[PDB]
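J.: Residue-level listing of the chains:
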Amino acid sequence: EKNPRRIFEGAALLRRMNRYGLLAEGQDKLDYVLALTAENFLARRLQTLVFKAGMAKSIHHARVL
Amino acid sequence: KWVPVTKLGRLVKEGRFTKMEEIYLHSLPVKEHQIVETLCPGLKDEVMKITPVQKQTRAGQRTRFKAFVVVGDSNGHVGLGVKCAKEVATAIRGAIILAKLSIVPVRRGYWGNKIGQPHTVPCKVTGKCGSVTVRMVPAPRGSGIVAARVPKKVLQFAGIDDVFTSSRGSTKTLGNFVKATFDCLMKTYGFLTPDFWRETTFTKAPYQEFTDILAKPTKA
Amino acid sequence: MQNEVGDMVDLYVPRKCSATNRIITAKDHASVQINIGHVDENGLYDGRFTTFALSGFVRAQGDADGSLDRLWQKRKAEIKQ
Amino acid sequence: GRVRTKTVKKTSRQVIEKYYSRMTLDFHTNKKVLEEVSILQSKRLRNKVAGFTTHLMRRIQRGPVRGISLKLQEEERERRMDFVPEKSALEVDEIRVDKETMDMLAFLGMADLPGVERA
Amino acid sequence: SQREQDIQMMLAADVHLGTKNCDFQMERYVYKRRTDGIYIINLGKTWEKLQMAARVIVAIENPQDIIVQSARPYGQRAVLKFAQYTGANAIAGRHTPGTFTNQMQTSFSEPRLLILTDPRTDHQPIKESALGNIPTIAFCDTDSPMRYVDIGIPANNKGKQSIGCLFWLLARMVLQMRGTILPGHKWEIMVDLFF
Amino acid sequence: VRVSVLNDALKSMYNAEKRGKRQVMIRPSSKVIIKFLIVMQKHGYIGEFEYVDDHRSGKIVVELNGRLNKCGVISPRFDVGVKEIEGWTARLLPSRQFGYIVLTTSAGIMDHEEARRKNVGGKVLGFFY
RNA sequence: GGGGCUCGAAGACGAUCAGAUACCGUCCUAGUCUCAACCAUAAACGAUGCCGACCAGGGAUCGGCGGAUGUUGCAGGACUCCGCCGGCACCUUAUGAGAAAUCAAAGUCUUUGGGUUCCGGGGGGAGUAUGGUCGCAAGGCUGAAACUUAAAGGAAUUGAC
Ligand SMILES: [Mg+2]
Ligand SMILES: [Mg+2]
Ligand SMILES: [Mg+2]
Numbered sequence: 066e067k068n069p070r071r072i073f074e075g076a077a078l079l080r081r082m083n084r085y086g087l088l089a090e091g092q093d094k095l096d097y098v099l100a101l102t103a104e105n106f107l108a109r110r111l112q113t114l115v116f117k118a119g120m121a122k123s124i125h126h127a128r129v130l
Numbered sequence: 048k049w050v051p052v053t054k055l056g057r058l059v060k061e062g063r064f065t066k067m068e069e070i071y072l073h074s075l076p077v078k079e080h081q082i083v084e085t086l087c088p089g090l091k092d093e094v095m096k097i098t099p100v101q102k103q104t105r106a107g108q109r110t111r112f113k114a115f116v117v118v119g120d121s122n123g124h125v126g127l128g129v130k131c132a133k134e135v136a137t138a139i140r141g142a143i144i145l146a147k148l149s150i151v152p153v154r155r156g157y158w159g160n161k162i163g164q165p166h167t168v169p170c171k172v173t174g175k176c177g178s179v180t181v182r183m184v185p186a187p188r189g190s191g192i193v194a195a196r197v198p199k200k201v202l203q204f205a206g207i208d209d210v211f212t213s214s215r216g217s218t219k220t221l222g223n224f225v226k227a228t229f230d231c232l233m234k235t236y237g238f239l240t241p242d243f244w245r246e247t248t249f250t251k252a253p254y255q256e257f258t259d260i261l262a263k264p265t266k267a
Numbered sequence: 001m002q003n004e005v006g007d008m009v010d011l012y013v014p015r016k017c018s019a020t021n022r023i024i025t026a027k028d029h030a031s032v033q034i035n036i037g038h039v040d041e042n043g044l045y046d047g048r049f050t051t052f053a054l055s056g057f058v059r060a061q062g063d064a065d066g067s068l069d070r071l072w073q074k075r076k077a078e079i080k081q
Numbered sequence: 002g003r004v005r006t007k008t009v010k011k012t013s014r015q016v017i018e019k020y021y022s023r024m025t026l027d028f029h030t031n032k033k034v035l036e037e038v039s040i041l042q043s044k045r046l047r048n049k050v051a052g053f054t055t056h057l058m059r060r061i062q063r064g065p066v067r068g069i070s071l072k073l074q075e076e077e078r079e080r081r082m083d084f085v086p087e088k089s090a091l092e093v094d095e096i097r098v099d100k101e102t103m104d105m106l107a108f109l110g111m112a113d114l115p116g117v118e119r120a
Numbered sequence: 013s014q015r016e017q018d019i020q021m022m023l024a025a026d027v028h029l030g031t032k033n034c035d036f037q038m039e040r041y042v043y044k045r046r047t048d049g050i051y052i053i054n055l056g057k058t059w060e061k062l063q064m065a066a067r068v069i070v071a072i073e074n075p076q077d078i079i080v081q082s083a084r085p086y087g088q089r090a091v092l093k094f095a096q097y098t099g100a101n102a103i104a105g106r107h108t109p110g111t112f113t114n115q116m117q118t119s120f121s122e123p124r125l126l127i128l129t130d131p132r133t134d135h136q137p138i139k140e141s142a143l144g145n146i147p148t149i150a151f152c153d154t155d156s157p158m159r160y161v162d163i164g165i166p167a168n169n170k171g172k173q174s175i176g177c178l179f180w181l182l183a184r185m186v187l188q189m190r191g192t193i194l195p196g197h198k199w200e201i202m203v204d205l206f207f
Numbered sequence: 002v003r004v005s006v007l008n009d010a011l012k013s014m015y016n017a018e019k020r021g022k023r024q025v026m027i028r029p030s031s032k033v034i035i036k037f038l039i040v041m042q043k044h045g046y047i048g049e050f051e052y053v054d055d056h057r058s059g060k061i062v063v064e065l066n067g068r069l070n071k072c073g074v075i076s077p078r079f080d081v082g083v084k085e086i087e088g089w090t091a092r093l094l095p096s097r098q099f100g101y102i103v104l105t106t107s108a109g110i111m112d113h114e115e116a117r118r119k120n121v122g123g124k125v126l127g128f129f130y
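Residue numbers (the entry's author numbering), protein chains in the order written: chain BJ, 66 to 130; chain BC, 48 to 267; chain BV, 1 to 81; chain BR, 2 to 120; chain BA, 13 to 207; chain BW, 2 to 130.
In case anyone wonders, no lab produced these hints; they're calculated from the structure.
For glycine and all other residues, C-beta sits at the position ideal for the given N, C-alpha and C.
Heads up, some of the hints might be wrong.
Restricting the straight-line Cα-Cα distance to at most 25 angstroms, the calculated cross-link-like pairs of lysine-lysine (DSS-like) are [stated by the list, open to error]:
1. BC:219 / BC:130
2. BC:130 / BV:27
3. BC:234 / BW:124
4. BV:76 / BA:57
5. BV:27 / BC:78
6. BC:130 / BC:226
7. BV:27 / BA:139
8. BW:22 / BW:36
9. BW:19 / BV:74
10. BR:100 / BA:170
11. BA:57 / BR:100
12. BC:263 / BV:74
13. BC:175 / BV:80
14. BV:27 / BC:251
15. BW:19 / BW:60
16. BA:57 / BW:22
17. BW:119 / BJ:67
18. BW:71 / BC:175
19. BC:78 / BC:226
20. BW:71 / BC:234
21. BC:175 / BW:19
22. BA:139 / BW:19
23. BR:88 / BA:198
24. BW:71 / BV:16
25. BV:27 / BC:171
26. BA:139 / BV:16
27. BW:43 / BW:124
28. BC:234 / BV:27
29. BC:199 / BV:76
30. BA:172 / BR:88
From chain BA, some residues computed to sit far from chain BR (all C-beta separations above 12 angstroms) [said to hold, decoys possible]:
31. 36
32. 70
33. 74
34. 101
If the Cβ cut is set under 7 angstroms, some of the chain BV residues that face chain BC in the computed set are [to be verified]:
35. 3
36. 4
37. 9
Build out the structure end to end from the sequences listed, making use of the hints.
T.: Right, dumping it as C-alpha cells:
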C-alpha cells in the first residue's frame, strides 16, 4: 500500500474510470475496478447514449444517425 | 406421495429444518433424495455424458448406458451422480437422484481483499481420481473460470466466479476428470485456516435433541 | 470467514476433533460425538454432560479409546467427579 | 426328485407355526385339516404338504427345530429364568488369587480383601 | 457400590486373566504377565472404564436405539437381559449385513450407541457402524483390535463368569446412575451365567 | 549422510504432526533449528518446546497443538531480495491471506512479512502454514 | 601342457512321421577336470543405484551382549523366559502411495526442493552402417541416418478357447 508506484497509478486509474462514467462515486478503491465488465464499456458508447437519451427510436437507428 | 424411511427424513418431513448446513455440521449420512429437495431451494441439473459400456456375453455384447449428472445451485452446494442402466432414461433419472444425494458444501474465500460476496476458493486445493489430478488456485475478482469444459461446468454449478485451474493425467477420461474436480471441491472445506482454529463449541445432534418425537410416534 | 463489514461469509463452521484438532468434514461418516453425563455426590445423573467429537481418522487409527480416556481424565479435573 | 418345492416347505412351516395346537401325527388327519384351514388348489400339492407336515411332526416330537416359533420353547415359555439357585454361583471367599494377583493387591488394591488366598 | 466389592467379585469371576500375548494397545490396561505368558489385566482401571461407559450410556434418555450385540453363542444370555432391565434393544447371535446402512432392509435400525461383547467376534457390526457415525463400546480383551471401537472395557469375553458378571455390574451401575437403584443391594442374583 | 539437520527436524516434526502425536523429538539440535522453531511458535503454529543438553549436540522435545498443516525446508538456500519475496509467496504458499516463508537475513532469522517491514533480503530457509 | 570316469554341441545310425538335418534309443569329437595366459558378456534379477532421517503392529530365526530362571549320566555348555544392537526374511492392516498388479517401502509428491552417480523421450530401421578403440579370433565399449508407421505397449475386466 505504501508503495508510490502503487499510489500514483492507482489514483490515475481511478481518475480515468470516474472520468469515463464507469466507476461510481461510491467505488473509489482499486478492488472495484477489478469487477468491471464489458457491458460497462459498451454502455458508454456514443450510439448507446444517443439511444438511451431518447433521440433515437432504436439502437440501430442511433448508429445510422 | 413420500413416506420417509429413515430418522433424518422423518425428522425433515414435518419441517424441523430450514437449511441443510446443520446436516453437514454433524456429517449425517443423507440417504433419501427428498431431503435435499425440501431443504435446498434451487437445484439445476445438466447431464455431462452418456457413455455406452459393454459386457461380452456368449451370445453378443450386453450394452449399458452410464450417465453423469451434476447438481447444485450456484451458491455453494454441488453434487455428482453416476448411474449405469439398461437404457438412457433410467440412467439419467438414477444419476440425478444420486447427484442430489451427494450434495456437499464448498468453501468460498477471497483473493486479497474482503469486498463482499466471496468469489474464489480460499486456498490451493488439489484432487486426484486415479490419474487425473486437478488443481485450483485463487484468482482475482475479474479473472473468471480458467478451466476446461467439465471443471467449468462443475465450478459454475458450485457458485465459483474466478479460479485458476491446472490438470495432469489422462483428462480425456471424463469420469475421473469430473470425480477429481468434485472431490477437490469437497476438500475446499477441509483445510485448517488460521481463522478456523478458535476453540470449538458443541451442539446437540438432530438425533439427540429431537428424541422426544422419535421414541414411538411412528408416523402419526 | 470474516468480511470487511465483520459478518460471516461461509455457510457453517465445522467441528474439529477433540484429540487431533483436525476438522470434521461434512462427508466424514466415521466421525462420532459422545456426550458423557455427569453425576452428583450421591451418584445421580444431573442432566448435564460434557461433549467430545472424534474424527474418522483417529477412530480408524485405533487410538480413539486412548484419546477419549485421556480427554476425560483431563477434563473431569476442572468440573470434579 | 422327492425334494420339496419352497412353496410346500414354506406352507408346511407356516401351518405348523400357527396351527400346532390340534394337528396330529397321521397324514390323513393332516390333510383333512389342511383342506379347510388353508386353500390349496392341487390335491396332490395338498398331499405333499400333509406328508411334509407329518415328517416335521416326527422331527419335532424329539426336539425343537430351527423353523417354527411362537410359545418359544416348543409350546411353553419360562425355561431359563427358573435356573436361579437360592445361592449365587459366584463365591466370595478364597477366590482364585495367584502370586502376580497378590502383587496386584499389594498395588492400588487392598491386600486385606475378604477373599484373599495364599494360592 | 464400593469398588472393593466389584473388584473382589471380578476376582471371583476370573476377569483378570489375559491371553498368551497382547496387541500394541491395552498396555495401558495390563499390569504385568505371569511366567506362563498369561496377562493379569488390571481390574482397577477396568472399574472406572466401565463406570465411564455407564456415564456415557445414561445420557440419551431414549434407550430404544441402543443395540447390544453378541455374535458368540456364549454370552447371548447376558445380552438377553440388560435389554429389559434397561430400555436397550439387543440382537443376539446373527447380525444381518445392511441393518445399519441399507434403508430398504426390513431390519433397518440406526442407533445412537452400540454395545458389543467382543470386537474380534462381531467385527462386521463395527465396520458397519463406521459408516453411520455410531459410537461404539466393547469389552475388549487382550488380542482384540481397537480398530473402530471407541470405548473399550478391558475384560474377558471367553469365560462363563466374566461375561454375565461384567454385564450385570455395568447394568447395575447404569440403573444406579439413572436413580432407580437408590442406595441398596442386588435384586438381580446371577441369571445370565451360561446354563 | 546428515547434510541438513534442519530438513530432518522439519520432516520428523511434520510426520509426527500428520499422525496426531502430541510431542516430537528432534535430534540433533542447532541454533538455526531453535530460531525456526521460535518463529513458528511466535506466530502460533506450535507450543512449548524444550532443549535437552546431552553434552554432544542436544535434542529438542516439541509440543504440537494440531495447528500446523505443512512445514518444510527449501534446498538449496536460494538468495532472494525484497522484490522477489512476492514471487516466492506465489509458489510456496496456499494463499496471500496466511502462510509464512522463513528467511535468514543478515538481521537474523525471520519471516517474510517482517523482512518486508525491515526492507531486507536474504536466503530462504523454509516455510510453514 | 596334463588328465581324459561320466555326460555330451558337431557327426553317424535306429525309430516316429506326408516329410524329421528335431523331440525318443545307442556309439561318440571339441568340451565337461586341472595349470599358465586371453575374453568381458547373462532373465549378471530384488527386472527395485549408494548414503541419511522419519513414519503401524506382530511372531519366528541367525551372530554378539545384559538379566532372570530351574533341569541336565555333564563357573561354563545344552534347554526356558525377558531385553538391546546388527542381518536374511515372513504375516496382518492402511490412516499412505500407485494405472493397477502390488509395496511397510515402490510411503513422508501440484501441500511438488536431504546429498549424489547413471540413465529414458511413440513403435520399427537398430544395437544395424561407419569411424574410433580393446581382443589371437569369436567378439566387447562408443554408436547414427535415409526411409517407414498410427498405433506398439502396461495392469486389470467379461466372454471364447
Ligand atoms: Mg547388459
Ligand atoms: Mg539370539
Ligand atoms: Mg523412440
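J.: May I ask you to test the interface hint for residue 4 (chain BV) with respect to chain BC, counting a Cβ-Cβ separation under 7 angstroms as satisfied?
T.: holds, 4 angstroms
J.: Holds or violated: residue 22 (chain BW) with residue 36 (chain BW), Cα cutoff 25 angstroms?
T.: holds, 22 angstroms
J.: If you draw a straight line from the CA of residue 19 (chain BW) to the CA of residue 74 (chain BV), is it 25 angstroms or shorter?
T.: holds, 23 angstroms
J.: Are the Cα atoms of residue 78 (chain BC) and residue 226 (chain BC) separated by 25 angstroms or less?
T.: holds, 20 angstroms
J.: Does residue 130 (chain BC) lie within 25 angstroms of residue 219 (chain BC) when you go C-alpha to C-alpha?
T.: At roughly 19 angstroms apart (the allowed maximum being 25 angstroms), residue 130 (chain BC) and residue 219 (chain BC) satisfy the hint.
J.: Do the alpha carbons of residue 43 (chain BW) and residue 124 (chain BW) lie within 25 angstroms of each other, as the hint requires?
T.: holds, 21 angstroms
J.: Holds or violated: residue 57 (chain BA) and residue 100 (chain BR), Cα atoms, limit 25 angstroms.
T.: holds, 20 angstroms
J.: Within 25 angstroms, alpha carbon to alpha carbon, are residue 27 (chain BV) and residue 251 (chain BC)?
T.: Holds. Residue 27 (chain BV) to residue 251 (chain BC) sits at ~18 angstroms (cutoff 25 angstroms).
J.: With a cut-off of 25 angstroms on the C-alpha distance, tell me whether residue 71 (chain BW) and residue 16 (chain BV) pass.
T.: holds, 18 angstroms
J.: Given the hinted pair residue 175 (chain BC) and residue 80 (chain BV), is their Cα-Cα distance within 25 angstroms?
T.: Distance ~48 angstroms between residue 175 (chain BC) and residue 80 (chain BV) Cα, so the pair is violated.
J.: Hint check: residue 119 (chain BW) vs residue 67 (chain BJ), CA-CA at most 25 angstroms. Holds or violated?
T.: holds, 14 angstroms
J.: Is residue 27 (chain BV) within 25 angstroms of residue 171 (chain BC), Cα to Cα?
T.: Cα-Cα ~20 angstroms, so holds.
Checked against the numbered hints given earlier, this structure breaks hints 3, 12, 13, 29; the rest are met.
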